[PDB]
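Engineer: Residue-level listing of the chains:
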Amino acid sequence: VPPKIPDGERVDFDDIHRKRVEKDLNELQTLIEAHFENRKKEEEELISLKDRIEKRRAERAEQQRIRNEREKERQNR
Amino acid sequence: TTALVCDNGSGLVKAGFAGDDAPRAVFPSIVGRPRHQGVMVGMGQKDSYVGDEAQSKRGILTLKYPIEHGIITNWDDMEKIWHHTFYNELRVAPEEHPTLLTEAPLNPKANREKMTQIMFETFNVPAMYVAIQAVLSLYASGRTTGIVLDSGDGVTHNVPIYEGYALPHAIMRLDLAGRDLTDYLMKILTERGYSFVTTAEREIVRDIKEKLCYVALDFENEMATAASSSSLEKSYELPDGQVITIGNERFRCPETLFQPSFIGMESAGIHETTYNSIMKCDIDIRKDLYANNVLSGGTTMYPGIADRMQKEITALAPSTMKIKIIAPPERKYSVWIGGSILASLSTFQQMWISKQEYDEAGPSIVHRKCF
Amino acid sequence: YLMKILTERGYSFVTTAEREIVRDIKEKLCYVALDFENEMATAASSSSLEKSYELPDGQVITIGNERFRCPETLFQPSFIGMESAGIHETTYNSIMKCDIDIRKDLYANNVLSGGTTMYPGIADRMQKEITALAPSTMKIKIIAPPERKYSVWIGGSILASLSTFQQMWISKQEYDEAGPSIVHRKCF
Amino acid sequence: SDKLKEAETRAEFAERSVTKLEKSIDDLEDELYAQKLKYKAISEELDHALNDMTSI
Amino acid sequence: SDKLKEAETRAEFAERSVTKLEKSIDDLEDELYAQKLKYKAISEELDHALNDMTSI
Ligand SMILES: Nc1ncnc2c1ncn2[C@@H]1O[C@H](COP(=O)(O)OP(=O)(O)O)[C@@H](O)[C@H]1O
Ligand SMILES: [Mg+2]
Numbered sequence: 078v079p080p081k082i083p084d085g086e087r088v089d090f091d092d093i094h095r096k097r098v099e100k101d102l103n104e105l106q107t108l109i110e111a112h113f114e115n116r117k118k119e120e121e122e123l124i125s126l127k128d129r130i131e132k133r134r135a136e137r138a139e140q141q142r143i144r145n146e147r148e149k150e151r152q153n154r
Numbered sequence: 005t006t007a008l009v010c011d012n013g014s015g016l017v018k019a020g021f022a023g024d025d026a027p028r029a030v031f032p033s034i035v036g037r038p039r040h041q042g043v044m045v046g047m048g049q050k051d052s053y054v055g056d057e058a059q060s061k062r063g064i065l066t067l068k069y070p071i072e073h074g075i076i077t078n079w080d081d082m083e084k085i086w087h088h089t090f091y092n093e094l095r096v097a098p099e100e101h102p103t104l105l106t107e108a109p110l111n112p113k114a115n116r117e118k119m120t121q122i123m124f125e126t127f128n129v130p131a132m133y134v135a136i137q138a139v140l141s142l143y144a145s146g147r148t149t150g151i152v153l154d155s156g157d158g159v160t161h162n163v164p165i166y167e168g169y170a171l172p173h174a175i176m177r178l179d180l181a182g183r184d185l186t187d188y189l190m191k192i193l194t195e196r197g198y199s200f201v202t203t204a205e206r207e208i209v210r211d212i213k214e215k216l217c218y219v220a221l222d223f224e225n226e227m228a229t230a231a232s233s234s235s236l237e238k239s240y241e242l243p244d245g246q247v248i249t250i251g252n253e254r255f256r257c258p259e260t261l262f263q264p265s266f267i268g269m270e271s272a273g274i275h276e277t278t279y280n281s282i283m284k285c286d287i288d289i290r291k292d293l294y295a296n297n298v299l300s301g302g303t304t305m306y307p308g309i310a311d312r313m314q315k316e317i318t319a320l321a322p323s324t325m326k327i328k329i330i331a332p333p334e335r336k337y338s339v340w341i342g343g344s345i346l347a348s349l350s351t352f353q354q355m356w357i358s359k360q361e362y363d364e365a366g367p368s369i370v371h372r373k374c375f
Numbered sequence: 188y189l190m191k192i193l194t195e196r197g198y199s200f201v202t203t204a205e206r207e208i209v210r211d212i213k214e215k216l217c218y219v220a221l222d223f224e225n226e227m228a229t230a231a232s233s234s235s236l237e238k239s240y241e242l243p244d245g246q247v248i249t250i251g252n253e254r255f256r257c258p259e260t261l262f263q264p265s266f267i268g269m270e271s272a273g274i275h276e277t278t279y280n281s282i283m284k285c286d287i288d289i290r291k292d293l294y295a296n297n298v299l300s301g302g303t304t305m306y307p308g309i310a311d312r313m314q315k316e317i318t319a320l321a322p323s324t325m326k327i328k329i330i331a332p333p334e335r336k337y338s339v340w341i342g343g344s345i346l347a348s349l350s351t352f353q354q355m356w357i358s359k360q361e362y363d364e365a366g367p368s369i370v371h372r373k374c375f
Numbered sequence: 229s230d231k232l233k234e235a236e237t238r239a240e241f242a243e244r245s246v247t248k249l250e251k252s253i254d255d256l257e258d259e260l261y262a263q264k265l266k267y268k269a270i271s272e273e274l275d276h277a278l279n280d281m282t283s284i
Numbered sequence: 229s230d231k232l233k234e235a236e237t238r239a240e241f242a243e244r245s246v247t248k249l250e251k252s253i254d255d256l257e258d259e260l261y262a263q264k265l266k267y268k269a270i271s272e273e274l275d276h277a278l279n280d281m282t283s284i
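If you read the protein sequences in the order shown, they are chains K, B, C, M and L.
The numbering of the first sequence is the authors' numbering, which starts it at 78 and goes up by one.
The numbering of the second sequence is the authors' numbering, which starts it at 5 and goes up by one.
The numbering of the third sequence is the authors' numbering, which starts it at 188 and goes up by one.
The numbering of the fourth sequence is the authors' numbering, which starts it at 229 and goes up by one.
The numbering of the fifth sequence is the authors' numbering, which starts it at 229 and goes up by one.
Bound conformation, chain K alone:
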């Protein structure tokens, strides 16, 4: 014979609130917080660091030009 489920009390369709409404606001707020903190940590620091590395690169370029010119001056024979 097919199984017979013993009779209980309750409930159903009442956990949809407690599993939906929670993340309906908490998840949105938490993801907004994550996006804000990630953008703040990432974008400005990356642009500033790239500018810093660019300045160091320009200084390296100047040093390379000076050394190349002095060595070409001496070695030119």
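Simulated from the structure, these hints should not be mistaken for lab results.
Please note that the accuracy of each hint is not assured.
Each computed DSSO-like pair below joins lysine-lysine, with the alpha-carbon atoms no more than 30 Å apart [what the hints assert, rightly or not]: (1) B:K215 with B:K61; (2) M:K231 with C:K326; (3) M:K266 with L:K251; (4) L:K251 with M:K268; (5) K:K100 with L:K266.
Here chain L is said to cover these stretches of chain M; the calculated rule only asks that three of the stretch's residues, wherever they fall, bring their Cβ under 8 Å from a Cβ of chain L [unchecked claim]: (6) 244-258; (7) 261-273.
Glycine included, C-beta positions come from ideal geometry on N, C-alpha and C.
Please build the complex by placing chains B, C, M and L with the ligands on the supplied structure of chain K, with the hints as guidance.
Structural biologist: This is chains B, C, M and L with the ligands only, laid out in the frame that chain K set:
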């Protein structure tokens, strides 16, 4: 203690402890032995990579799914998959946790009996229970009525339920699912020049299907539009470059669901087997089933299917009834969420198949009262 | 081929002993051009390439555009009449025969070895050629360790020093039982 | 004489190579910075969009 | 002997410079490529968002 809600599925094994929102570990169910020779010594090369590890070394493996259509065809590989799931993806010994497997409707008995025998002898669980994959998807929606179309990756089945009383004479199980759509897409891609043959490249075609294909609202109009303009051609970059451009293959692959004559299957589409499943029900619960049609399973995630199906059923159904299609955003894990809810219930706590009961009646206990 | 193109300036090396002298010339002077046509045009106008070399008895010789024409044969085997494609295209063909999912890793880990890959400027010419052939998205990297010549022997030492390898040797009693054809068997 | 000729020759090759390497390095770094700045401009587009979304 | 010593030292210094430059180039290349893949991914998900908007 807590229960383990495993869900074998066919294509993705989803598991996790009972009482959460999402499965803890989701990974493809493939076991791939290496096929080449291997010359480096001491590299630590194993004999079989299972789960998500074999989706990264798939270049030199021969992946083979252990579950063909719901049924399990290779028991050793399935045992290996279960062992991996318990020990490495969850890291909980099964000696201290009840398990709740899931099984498609109308499956062979021997499959279910072997499943319970394995769970009780090899892994030695305290108690396990097998549940039909559609009732859980109905749990997750928070309903108690409705006809659920659970189009997985192995098999598409359509179980109608009213007021908690399932109708066993109205279950329409059809064996067209995501895998056949992958094969058909791989077969129609050859019309542009792209040939995928290896069992590893089936995964690439699956990714193409997931990311690009969509279900057309009206098939003939889309076929006419894609043949004149070029606003549909979306490109995609293979795992090595050489981008490809998919034209009207986009909506022709998932159209097979509504016209199974494309892959040579005789039966009617998923739009008409639902109506037939409804019409087999009694005359007084057809309105409720019309109003509470539920979608589940992975393959029902195509963009634009919840409108095509509603249009088709509204065409078939009487003009007065209201047709509503419930398509929750968490469709893929709907069965597992329902499984967690069912395992977390207090009323259900005495339905498990306790080990002493199995010792007294053998594996055939599953067909008995403890269903 | 170098010994054959040196005859275009007047230097004739024929004896099997003088092949060693031509080999020394090749080792010390030849280099692989980054772009062949531009080098051929430059060497035909200026004279900044002509490097001289002293034979084992005096009579210095001056090598002009023979410098980068000798090792160019690697990338155009039609020079010595061979049909096949250069070492820049047989690598790409060898990659394309592999499966579609391991081509990125092979593209990124192209390794050079052997003596003849020591020409100055080959690790750039080969990378340029493969980047021309390969899809634009993949990254092409050419590993050229400074210890290229002895790379095979260093690897051999490492392999012989492994503990896991210690039971793969073809022991003499095994040879006595199966004859010399044992090498093709499991002990490869 | 052979030794020092060899050393100076290979050193000259080294100098020319390393200078080419430095040009390569600078071009790569500057292109990286340009791409990163384009990305951050896109990020601030998204951040303006998020400020709109502050509507929620 | 003096010329040999100076030449050898200059050569070794330049050589070590070469190796270090190569390593730096490799690392910056890895980071830049990762950024490139990030950009392609962000653009693609942006387009998916646009198509989602088109749907709804
Ligand atoms: N986002 C998606 N879009 C289209 N198809 C998808 C998507 N995600 C998964 N699929 C298809 O669904 C299948 C996974 O279905 P799933 O529900 O995991 O099956 P099972 O019932 O065995 O768990 C995949 O093989 C894939 O073909
Ligand atoms: Mg399923």
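Engineer: Take the hints in turn and mark each one as holding or not.
Structural biologist: Hints versus structure:
{"no.": "1", "hint": "B:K215 with B:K61", "verdict": "holds (22 Å)"}
{"no.": "2", "hint": "M:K231 with C:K326", "verdict": "violated (38 Å)"}
{"no.": "3", "hint": "M:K266 with L:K251", "verdict": "holds (26 Å)"}
{"no.": "4", "hint": "L:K251 with M:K268", "verdict": "holds (27 Å)"}
{"no.": "5", "hint": "K:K100 with L:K266", "verdict": "holds (28 Å)"}
{"no.": "6", "hint": "244-258", "verdict": "holds (count 8)"}
{"no.": "7", "hint": "261-273", "verdict": "holds (count 5)"}
Violated hint for the displayed structure: number 2, the only one.
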